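*Asks:* Single-letter residue listing:
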Amino acid sequence: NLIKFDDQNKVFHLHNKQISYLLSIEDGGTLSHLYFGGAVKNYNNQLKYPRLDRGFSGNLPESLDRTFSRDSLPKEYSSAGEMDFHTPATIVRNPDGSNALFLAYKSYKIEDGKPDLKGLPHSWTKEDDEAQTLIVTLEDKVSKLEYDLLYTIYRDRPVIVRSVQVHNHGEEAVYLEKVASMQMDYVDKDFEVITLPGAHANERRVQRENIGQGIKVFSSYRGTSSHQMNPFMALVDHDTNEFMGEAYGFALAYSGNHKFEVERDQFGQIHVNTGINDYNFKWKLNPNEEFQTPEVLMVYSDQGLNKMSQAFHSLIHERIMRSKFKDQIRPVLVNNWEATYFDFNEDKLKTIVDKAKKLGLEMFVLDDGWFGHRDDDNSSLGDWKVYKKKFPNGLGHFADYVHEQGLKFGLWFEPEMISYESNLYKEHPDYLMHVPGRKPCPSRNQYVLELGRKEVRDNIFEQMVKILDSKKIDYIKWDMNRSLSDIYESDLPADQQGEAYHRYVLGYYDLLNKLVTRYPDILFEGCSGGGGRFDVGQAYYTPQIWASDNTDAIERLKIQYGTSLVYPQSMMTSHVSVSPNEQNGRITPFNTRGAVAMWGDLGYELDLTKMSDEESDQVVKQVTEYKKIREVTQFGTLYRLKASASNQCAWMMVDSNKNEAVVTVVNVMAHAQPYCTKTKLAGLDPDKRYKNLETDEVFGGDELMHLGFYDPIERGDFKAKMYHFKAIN
Amino acid sequence: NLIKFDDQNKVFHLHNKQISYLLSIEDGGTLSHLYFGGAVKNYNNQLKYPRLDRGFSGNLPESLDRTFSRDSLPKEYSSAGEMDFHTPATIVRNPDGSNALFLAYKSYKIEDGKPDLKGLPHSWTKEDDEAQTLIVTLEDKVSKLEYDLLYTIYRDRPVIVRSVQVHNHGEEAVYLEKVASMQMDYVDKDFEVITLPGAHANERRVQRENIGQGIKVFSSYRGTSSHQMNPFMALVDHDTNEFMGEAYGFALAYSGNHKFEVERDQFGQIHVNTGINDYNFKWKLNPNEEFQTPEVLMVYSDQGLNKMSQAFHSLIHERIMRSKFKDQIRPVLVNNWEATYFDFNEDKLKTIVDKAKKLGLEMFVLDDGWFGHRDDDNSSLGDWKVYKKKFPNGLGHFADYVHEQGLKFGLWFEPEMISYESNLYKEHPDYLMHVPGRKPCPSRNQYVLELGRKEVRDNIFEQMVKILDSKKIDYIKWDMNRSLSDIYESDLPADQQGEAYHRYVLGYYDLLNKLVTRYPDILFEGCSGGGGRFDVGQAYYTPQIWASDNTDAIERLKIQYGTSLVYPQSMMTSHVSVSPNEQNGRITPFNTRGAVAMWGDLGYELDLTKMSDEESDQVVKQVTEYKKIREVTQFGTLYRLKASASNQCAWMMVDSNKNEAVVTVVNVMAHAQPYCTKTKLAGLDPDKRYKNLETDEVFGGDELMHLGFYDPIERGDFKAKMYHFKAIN
Amino acid sequence: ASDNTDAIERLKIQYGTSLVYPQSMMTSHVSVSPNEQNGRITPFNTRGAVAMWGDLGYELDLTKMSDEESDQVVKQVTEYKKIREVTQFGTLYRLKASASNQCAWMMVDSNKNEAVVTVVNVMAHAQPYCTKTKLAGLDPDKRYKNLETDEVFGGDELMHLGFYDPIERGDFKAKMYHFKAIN
Amino acid sequence: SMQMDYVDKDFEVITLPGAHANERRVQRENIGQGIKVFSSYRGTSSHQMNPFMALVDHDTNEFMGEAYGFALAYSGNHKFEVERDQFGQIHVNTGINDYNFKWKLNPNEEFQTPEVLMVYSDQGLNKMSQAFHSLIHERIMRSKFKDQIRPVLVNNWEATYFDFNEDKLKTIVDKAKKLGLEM
Ligand SMILES: OC[C@H]1O[C@H](O)[C@H](O)[C@@H](O)[C@H]1O
Ligand SMILES: OC[C@H]1O[C@H](O)[C@H](O)[C@@H](O)[C@H]1O
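So the sequence lines, in the order shown, correspond to chains V, G, L and C.
Each residue of the first sequence is one higher than the one before, starting from 689 at the first, in the working numbering.
Each residue of the second sequence is one higher than the one before, starting from 689 at the first, in the working numbering.
Each residue of the third sequence is one higher than the one before, starting from 278 at the first, in the working numbering.
Each residue of the fourth sequence is one higher than the one before, starting from 3 at the first, in the working numbering.
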């Protein structure tokens, strides 16, 4: 079917109509990486690695053959202690104090479907014939450890998914100091590497670099996937762009500390590892226990970055996300945060609800400040009960009002966190994450809960269920506003404190999973001070995520473009906010804020009651137009057309039958003497005829893609134009 | 004098006429890096770091000030556990299992001179007024650890030297999982990074890269400084070249595992750490014990890379190297290795000695194959006694013959290594480095000794003294032909096995130090399969080192050019070898092999007895000419003029009074229709008049530097020309 | 210099012009915002700062200005009269080019006793990198007083250390500095 | 007006292209074999390409590196030619454009070209520019006002365009006086 093992040449071949992945068993049972790329029907031993005596690249135990070395061969995995001097995929500490591991091929199996990953998010299948999974087992015969390397291929996608499971079949514990989810080594490739660095209010700009000898590391230590470096990278040809050239993308399905390593070695080979960061990672694996890594999604495109992205979008949306809302149009909501910050009460919010109804909005989301005595960000996290001074008749009274006005109701929570000034801390001070004897460091004047402890998760779960069981809350914004700094888990022995970071993430996933599965009828939006936990692991739980606290239309071009390299546009949310912008002071046209906020799932986040009639009618118009196009903008195939560094940013979405397209083009800096520019479309049927719904003119798909059209020339910075095309019969 | 502390503004200033280095004590006793660069007379608080609330960059314990963060401030050091998410300079593991360290300023001292580093090579002073050293102590009041940060400034050099000493003043042990020698953080710099990657027979090519967000790592895990990545990097302006622009160079004085980290962070800052690699590094620091890191040499140049290199050359040669031979002209030797490999006996070597005398050579070096039963590289390491079948009357008889012919005598040893087929292994099998219970991996079919054990070092020391006490050996080539792979030290408890790599290097240094100090009358040349341990730490013991096993004139242009970025030319040796070249098959003119081998300390390594009379007379001529110029080529100020990527490689040396210069220009690929090229000189006195000793023509120094002259145009690949100029009175 | 009187596009035009031509040879006028040629909205202070690189003038209907804006013209003019001998005729050093997102330049009198420096930030960022400005053309051994703050710095400090640029919200922001050597 | 040919130089070329309301942006290019031409046919020196170029080292910037600047003292059609030839040499001509140029030189007559100012800097582009600034200001400009501070003027063009009369302008004059303007 999709996976074959040739027991004569010792070669495994995963293939479909799009891709082939080839690996082999080499001397000493060494698992070698041969190829990943466009599909081939057969393999005939022509990628056997040349045998050369390479100075200082040593040999197998007891071997006299100097021309084979685990330090030169391209491999599917590696360890410390095996005569390999690359950065190793795994490191084990044994009872004798050594870091020795020497893995050798033991066995394989080929299964239909793919296995569920215990305690972790993962891609899945709806029917077993959708995919097959090869599991290759490697063993160390001295320490009695086994490593299972999982490889899944879907029948109709250019994707390989990899993870690792470690098993201790010995008599004593070992400590896992590093366990990568995968390793792949390329020969004779001269790639550039694309990543998505950033910061708070500045996430996921596209960065592209040459690769020199040495190791380039893209990672997080913050206990989250982070604002500063997304858990993603792509390796591309120098000449790859959005529409042509090869690209290998790698996205780690994990929401904690990650590490992507790209090493160009002494023989010009490019060695890649991806997995949980090894920083303060030391997992005690007792006899008869197992450790499962998160998985990595690997995409191959033979025709540019849009095709790569589209494969991630489809896999994430169709076979990772589990929400019942993933295929439902997302509501046009208003969120009060930038509108009021903490300065509100029920009467104030009711006026916003009234205005939202008149403007045609579909949901009101109550943001931070509704609980405990939360007058600012210096108290009350952990006290998930209504602030009576703000809501004198309780929270249900307000939710009922929202529903009576014809809107859905959403509510913000920050379940992982605790304030010193909280009843929770007064009752359970040991729930706050710190190293005993050391005052912890604050961040936004708050601290992190010990979510690795079941009793701590149970407390928060019971508080939330007491609100949520009423079914008055249709939507939850689940936020998380600081990194982890004081790394400890108070119920673990000293020798297990290297488990604290990963147990925190496991605990987060357990609590979140319990809530999203109890409440399939609630739309969950992830948040972490914006996009600080914006990853494929998170998608499994929340089908949309607040992309950034930066709501400036213009900086959002950069953030949304980078986000879309991996993540489907329905997974990112985008709100029209006030001008001048609250984060950078930029002044933008209202129409430009709307256009950029229709790339993600549109919402509004400004005090609607302060708008003039002229501005309010503009909201009505934006909302009315978005409702006509949002099935296509939220779920259509995304093509990025122009990047903001060109002075324009442009993108479009096309429905699955290529019958409808919505295109947006934004010009950044105005010029007194501008060059004429054209926009060309993509993803259309060259033989269909498309009507421009604004002008009623009709153009062949071939014309729209090859000729394009001239962009309007207007004065003023930060101007946008949208186009809507529909195929005629 | 050179170092001031202002106790009002809490600012330390190290300065001389060339450089200033400024650091301060910031909030929470945080040691902040302000500046390193061209000298200033005074400082007036204008580099106080802006105070901004940066999302997710948290704050000091118990602080309400959100605008100060150890995650944003530029610092002189850092740790895990202090709310910094950069790659940390140090990581400590405490008895409670945490990785917490929170260092705060405690005190300072300012001393004349600089302290000796116990057990390690280091720069030094001849008089105390040559330099001053600031030591700043930081403490963790909970774990009772103190970190001393050493900073030395020389009065007349653009250099700062840094190291760290950790002290445990607590009641229980801690484990040091990482201790960098230094950290420096730059604000608003857009640097490129230069390093010296390579491989066996391909060391130290110059590589230059842009720096993107993330961490770039240049390192070794091989137990040696390595062929693959030298322990050096330079940060430069985009427009820096050999003759202009700023450069910051960093060279680690250590001959084991190194790690250079260059992190461009979320706020555009460039954070650098350098020190012992943290890979399998876990040092048990008991109460009342200390741990000293190696030091790093930091050079600032305001006028290009030659000036940077020249500062390293001068510091290494004058104040690191200790050999009595460091200021003595180096002999023109012949080494028999490529001439015979293992296929020789005494009669064969005596014929080479006879021919060497006739050619005017000064020393015969007997290479591998003279000891044990060493017929090939598959036995005998560890058995340092003469092979009687090859030398029937003993080694002394042959040395006496060499001396009677008027030549000095040199001898190869590989003291760190052991073969299974050796008497040493038969007598002391536990001396071989391996993880008990696991067969170790071979490399060149040999294994490494447990040099961390005194009894193992004592054995090798006594064997060597038995040969060397005769004073018949004038020179030693100390080789080392494999990396460490099975990392263990059999006399240490399990919890100290993270000390094995560093104890190996300490043991190596102890043995080597004992021998170079017992034998100040012997010239030691370092070697490790060529330049596999070519570093500033090694210079302290051996004043010259075999640069590469690649003896092709043309690839040696690349290797020697890169080597010279840090290392003075008298520290690298270079031999004329046979054509076609034994390593790559290249055919080169004899004159080109000579010219390239006169950049390093010249020698010959080919079977002199097989030369025709015509070739032998060419050796006579090369040797005669080298003896006339070698004081200037070995010890003059080096200027690189052209890099081989331009199709030419050119360099020159100028004596300290600018009265004499020797220039070499090598053309690589011939062209049928060549462009005319010119060579311009550097480092001359514009007001002196220089005679070309070949043509008798005389030119002003200004003419030679500004006008230059035309290179000869000749057919054929790989052609060289040399020039010798002397100032006239 | 140009019919384009937008402060921001004038950074590009004035920088290029100065590659050959002395700054007293180019004229520069404060004009209305939004700009008449490209529609850009700029702070009045930024239009003034950029128009003091060339020989300053005004080209807008003064009679339509509010009292608050008119008093800002008074202030600009008063300050320009104090510095224009140095800005019009001092030695020009370009420091930063607008492609870096900042444009900066300065003028120094013939005896290196007085300097006037201008730094303009183009695009605002929510999470900005800290930037420094270093000076040029000073005497490393003179001591220069910042006339706004009264603080005093060696010429060597101003050229080698520089100082941090202010961090503010909003696009198209400018700051000027005036230094004078003390005796 | 001149020709100069360089041997074994690998220069980049800096010019000042533009358009109306977009003059003199700095452009910097590598030089390949063939002829690169920077010129005007418009009867004026032009908005589209200033009569200037500089040849610089790849690593030259505002503060370091060599630069050769060339400015043609002519206000009509110019042509700057930079030819990298078959032997790697860089051949430069500068002068009046040859486009529709055919001058009848009768017996006993002469034809004088405009001159070209050639500056060499060994230390960056600011030093190059400063040499042009000084030469132009001190030994080309002849105005009695060249060394006099220039007035802070108001110009009515963007203020009124053609829509004015004397009474309207007198109100602007009145306001200019109150604001301290000089012309
Ligand atoms: O405190 C409330 C707040 O927290 C974060 O910064 C979020 O990302 C915001 O959208 C807002 O919810
Ligand atoms: O075995 C002998 C040999 O070992 C190495 O490769 C050295 O670098 C050589 O110069 C030679 O001494």
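Keep in mind that the hints were calculated from the coordinates and are not lab data.
Be aware that a few hints might be false.
Unchecked claim - Calculated cross-link-like contacts (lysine-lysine; reagent style DSBU-like; alpha-carbon spacing at most 35 Å):
1) L:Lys341 with G:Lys698
2) G:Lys797 with L:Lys389
3) L:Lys422 with C:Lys179
4) G:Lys972 with V:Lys829
*Asks:* Taking 35 Å as the top limit, are the C-alpha atoms of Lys797 (chain G) and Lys389 (chain L) close enough?
*Replies:* 39 Å, violated
*Asks:* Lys341 (chain L) and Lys698 (chain G): Cα distance at most 35 Å?
*Replies:* 54 Å, violated
*Asks:* Given the hinted pair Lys972 (chain G) and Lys829 (chain V), is their alpha-carbon gap at most 35 Å?
*Replies:* 30 Å, holds
*Asks:* When you check the alpha-carbon spacing of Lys422 (chain L) and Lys179 (chain C), does it fall within 35 Å?
*Replies:* With Cα atoms ~33 Å apart, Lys422 (chain L) and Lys179 (chain C) stay inside 35 Å; holds.
The structure is inconsistent with the numbered hints 1, 2, although it conforms to all the rest.
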